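Shown next as structure tokens: one chain only, the form deposited without the partner chain.
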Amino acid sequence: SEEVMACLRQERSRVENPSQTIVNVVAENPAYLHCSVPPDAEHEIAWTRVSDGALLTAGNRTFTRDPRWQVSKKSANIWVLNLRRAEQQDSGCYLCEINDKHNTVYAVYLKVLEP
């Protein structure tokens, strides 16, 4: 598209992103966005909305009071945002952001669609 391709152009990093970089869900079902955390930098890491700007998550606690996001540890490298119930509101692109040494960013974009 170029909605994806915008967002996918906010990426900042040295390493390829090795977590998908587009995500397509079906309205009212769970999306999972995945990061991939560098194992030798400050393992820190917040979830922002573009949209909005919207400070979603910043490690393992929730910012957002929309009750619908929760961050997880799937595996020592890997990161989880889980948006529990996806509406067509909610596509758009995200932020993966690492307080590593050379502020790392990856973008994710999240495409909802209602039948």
Second form
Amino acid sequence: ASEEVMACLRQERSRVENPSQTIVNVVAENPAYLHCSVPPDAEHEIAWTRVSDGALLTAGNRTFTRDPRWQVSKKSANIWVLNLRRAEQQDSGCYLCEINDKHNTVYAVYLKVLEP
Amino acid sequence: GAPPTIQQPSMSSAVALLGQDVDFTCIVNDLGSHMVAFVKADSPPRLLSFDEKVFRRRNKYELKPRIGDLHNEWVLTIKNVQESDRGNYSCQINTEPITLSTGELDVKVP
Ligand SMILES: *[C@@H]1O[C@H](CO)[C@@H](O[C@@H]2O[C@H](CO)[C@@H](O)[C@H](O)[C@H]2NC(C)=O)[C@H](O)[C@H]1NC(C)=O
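Having seen the form deposited without the partner chain, could you now give me the structure of the form deposited with the partner chain bound?
Once more the chain from above appears, this time first in line as the rest of the complex follows.
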């Protein structure tokens, strides 16, 4: 279990440590919110990917996946949020937020959905 | 009729010479309202294009959607290939489960 989280979080590629949560525990059927930080005043686009299958979930301000439970939004000037509206145990695993910036920043988040 | 399929020959594995341009072709039938993404399947994986848009390094990649005789070939060109471009490239259709085709690029240096 520790190795699985480490294998996820080792995938971060960033100039400065991720300032946001990178381990998210939620109860099944509740929503989850994964955060991706971007510099102030930049105009970068971001993409969220699910690592287990490589599925592209969102790209830019559009959802890409056809799974209706996912939405991306700008929470504030510096924070994008991937919202998973009704988490299930099968959603547990590694998620990545990639930024189209010059250093090709990648943030990794591990999601654990607890099944009662 | 049928769900989206990736038709042979797609995402052909290749060895290229340093500096060549390399095309990866994803032939998609019955795409319907689905969308196609190209990804570099490194660890972490890297998004190259989604739908009709290139996501990074605009002068490095070119995407040509729906070309060929039957308007069903999606061609990603990697320009001026380098050792850093070595690895696996995947075409993905956003079905659930996803529909994938992958090919490996080798790059030979003089
Ligand atoms: C590209 O993907 C192939 C698999 O499709 C990788 O080849 C495998 O490599 C792993 C070790 O990394 C071996 O355990 C497998 O047996 C190999 N399989 C085959 C069919 O060759 C290859 O390493 C990948 N290239 C990368 C990651 O650069």
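Positions refer to the first chain, counted from 1. C-alpha atoms forming the largest set that superposes within 1.5 Å between two forms make up the rigid core.
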Rigid-core-referenced C-alpha movement of 2 Å or more between the two forms, selected from 41, 27, 54, 80: 41
